[PDB]
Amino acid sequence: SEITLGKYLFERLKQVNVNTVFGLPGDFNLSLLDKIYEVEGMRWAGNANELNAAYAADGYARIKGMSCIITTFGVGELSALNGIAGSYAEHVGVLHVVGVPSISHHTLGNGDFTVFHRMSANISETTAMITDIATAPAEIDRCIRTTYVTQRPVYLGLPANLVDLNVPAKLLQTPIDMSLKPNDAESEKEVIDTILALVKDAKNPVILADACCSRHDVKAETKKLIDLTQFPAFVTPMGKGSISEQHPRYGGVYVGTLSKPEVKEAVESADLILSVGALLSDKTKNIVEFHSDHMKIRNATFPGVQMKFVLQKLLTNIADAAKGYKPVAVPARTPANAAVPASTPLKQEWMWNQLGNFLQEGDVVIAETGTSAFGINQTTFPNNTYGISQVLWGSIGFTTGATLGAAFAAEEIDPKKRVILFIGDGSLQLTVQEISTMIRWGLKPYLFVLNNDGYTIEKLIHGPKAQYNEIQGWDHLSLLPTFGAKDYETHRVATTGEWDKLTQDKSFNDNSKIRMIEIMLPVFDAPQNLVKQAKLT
């Protein structure tokens, strides 16, 4: 019994729970594409562009675990590189499948069929050009396993002839191994023992969860490590959402010198740091760095000890190792907004603080690079909030495509999960078309547009009234109907009373339809942290 290699692929993605496929049709992938519709439960999004399709595959991967985008040779694959590069930089598992010319137009005119391939290799964890149907199955399995486990994009070139070539159906009965290989027994024990020893003598331990605590599936574990030790817990901007914020031991968002003094104080105060961190983007010497494929304890490095299994194993013992810890007070949460007359103009500072009152458990919150990304660090999330902020890549326009991906993924996990976006008016312009795809599928994201007339974050760094920091003023509330939305809602908010009246409304709170909210704000208005950050940069 046999199946086409083109259907093998889609069957493998169904087994890994990639049910939606991103990308655009083109000359070299039509026969692949046809196979999606033969796989019950699969769907082709129909993106408005390849860049947008990649931003989307990122959004989807962030939520569901992995994603797949399919493009066509030359023209499709090159348009998507900015998305791909960003998933590499932030450790998002995206499988980029490119439909290429059959073994032997949309070329550079020099007979070089490997150039686009070479370009991609610089931003892929691994790459594969399928040449033989004999190894082909094993190559797809490999690419899929690797995208999953390293959480990095992988490139797979598939010649048009092969797609319709047959393979043994039987191969689908054995699942792809999607799990981490166990740790070296001995090094793993030494790490565990050393950490336990350190916890025993620390008087003021602190936990700090960054990017990779989320990106590398360790949130249930970090979460329980806090309950078992009662140590103060801080998150960085990229890790925001990694830790439940209504946890009585959550201390806030640590952003170094830019940290609200007590946070700065409580963190720099520690005699022990358990960093379920990330990069060396930049107290004591007593730091434990937890990393996806290695540990570091003070100056000691332990290559290939995976944090997943050390964390799991520490949970069985840590409590008795910390039986002796006297709980230090955690910095108080920022107080609620003092009541004001309904006619008070909306200001960012008041907004970000007030937003914690509309959010709910299970929401997915996306903030674009600009004032939005700075502001969101000032909002307190209900527990179980998934935040998306591209702090490291910082490619504006990313959130519209990502919102599409997260809504698709969220629709699949639970139809009640709300997807909320905060996007600058300047950023929207780069990827606005993707809204069209939201409409087509009946997804219902909350799209909040920050109308402040131009590039505020840029104006705050350089050239406040410079022509290049200014944009063409669009009629945003007409966007929905222009893209053929039938059932949607549009709102404009400019004061605190409009903010409250709208966000406390019962009906508004249910994701029953797609909605756009235009936020009227002053030009030089920004959250305290951007006011204080960028000022210096």
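Residue numbers count along the first chain shown, from 1. We call the rigid core whatever largest set of C-alpha positions still superposes within 1.5 Å between the two forms. First, how it differs from the form deposited in another entry.
Fit the rigid core and compare the CA positions between these two forms: of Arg333, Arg298, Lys416, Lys170, just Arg298 moves by 2 angstroms or more.
When two forms of a protein are overlaid on their rigid core, residues whose CA moves 2 Å or more are considered shifted, and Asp193 is one of them between these two forms. When two forms of a protein are overlaid on their rigid core, residues whose CA moves 2 Å or more are considered shifted, and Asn451 is not one of them between these two forms. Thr316: CA moves 2 Å or more between these two forms after rigid-core fitting.
I have the form deposited in one PDB entry already, so could you send the form deposited in another entry?
FYI, this one's just the chain on its own, none of its partners or other molecules.
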């Protein structure tokens, strides 16, 4: 038995639990897409654009562990670049497959077939341009391993001619080894003895779980770490959802000066900060920084020491190192909103506190860069809730695509999980057509649109009335029907009373259909803290 190189890929993909592929068909990927339908459990999303396809793979990747997007030579691959750059910046393993001329139009007129390939080489961990079938399987295996292991995008260029040549089916019987290289014995020992040492001498140690806490596997090792030690644990905004917000040792989200004052202090008064997975913004004492391929203790750098090993080892001796610890109280959780008349115009501060009431365990919460990403940091999540916020890259159309990707993976995990989006009126415009793909597949997300008439976040820092910070007003509610939706629901909310009425409805809380909920907000309204700093800034 043989299999085509093309089916081979989808089969391996399925081995790593990639069931949905993103991208758009083109002149050089057609023969390869045919293969998707010869493998069971696999489906082609049929995205509305390549940039949007890149964004979805990213989101799906964030939920499932990896993703795949197929594009065509030039036109398709160059449109995805901003998505792949953001996956690269934030550590999302996205495998980007591109169909290329037949080892032989959508060219810069110069005869150069490697330009695009070399452009991507800048935002990838590794690149493969496949030219021989005898080497293909290994090559493909290699790109999948890398994407998955490093949680970085890989470019896999695949000529149209080779997708059709046969490869031994036998190859698939041997799984791709995803196991890491051990560390330098002497430096991993150095790091381990030193941490245990710091721990034994710290009176007020704190744990901070960042961005990569969960992408890099360590979410489990991080929760074990909390229980064993009993130190107060905090998430930074990129790590929100990494720690179950209902854990007694859960102390809050640490943003710097934007934090709730009691949170800011609890972290800042700490004599040891244990930091897991920084893409760090962050008096603050001795900081042990844990990164997937390096540690840092204080000012010292141990290049090459992977956190996985250090963390599996620490767990056998931490309870002991720490048995001298006297639990410190954690900052009390922000109290419920005061009762106000139902007429009360919606304000974000009210809203973000208020939202926590709507959320349930297993929710997928996506927040777009704008005042949306700032406000979500104020929402107390139930346990087992995943947060998505593109704080480092910060590409405004991101989330419409992320939501599709995330919904597709949720659907594969448990059709009962909910996908909630919080996106600004201005950002919805960059990537609106992706709502089309959700409808096509019967995905049922909650799309909340912050209608505040333009870009309030840039207005808060420069040109409150600069024409460039305004946009064409859209009739948001007609989006669903314009894109051929069938089973849907739209809603408008402008007051406290309306939020409640709809968010407390039992049918509402059920993901029976795709829904759009327009939120009416004042142009200059944002989370409190952001207005104080923004003003005097």
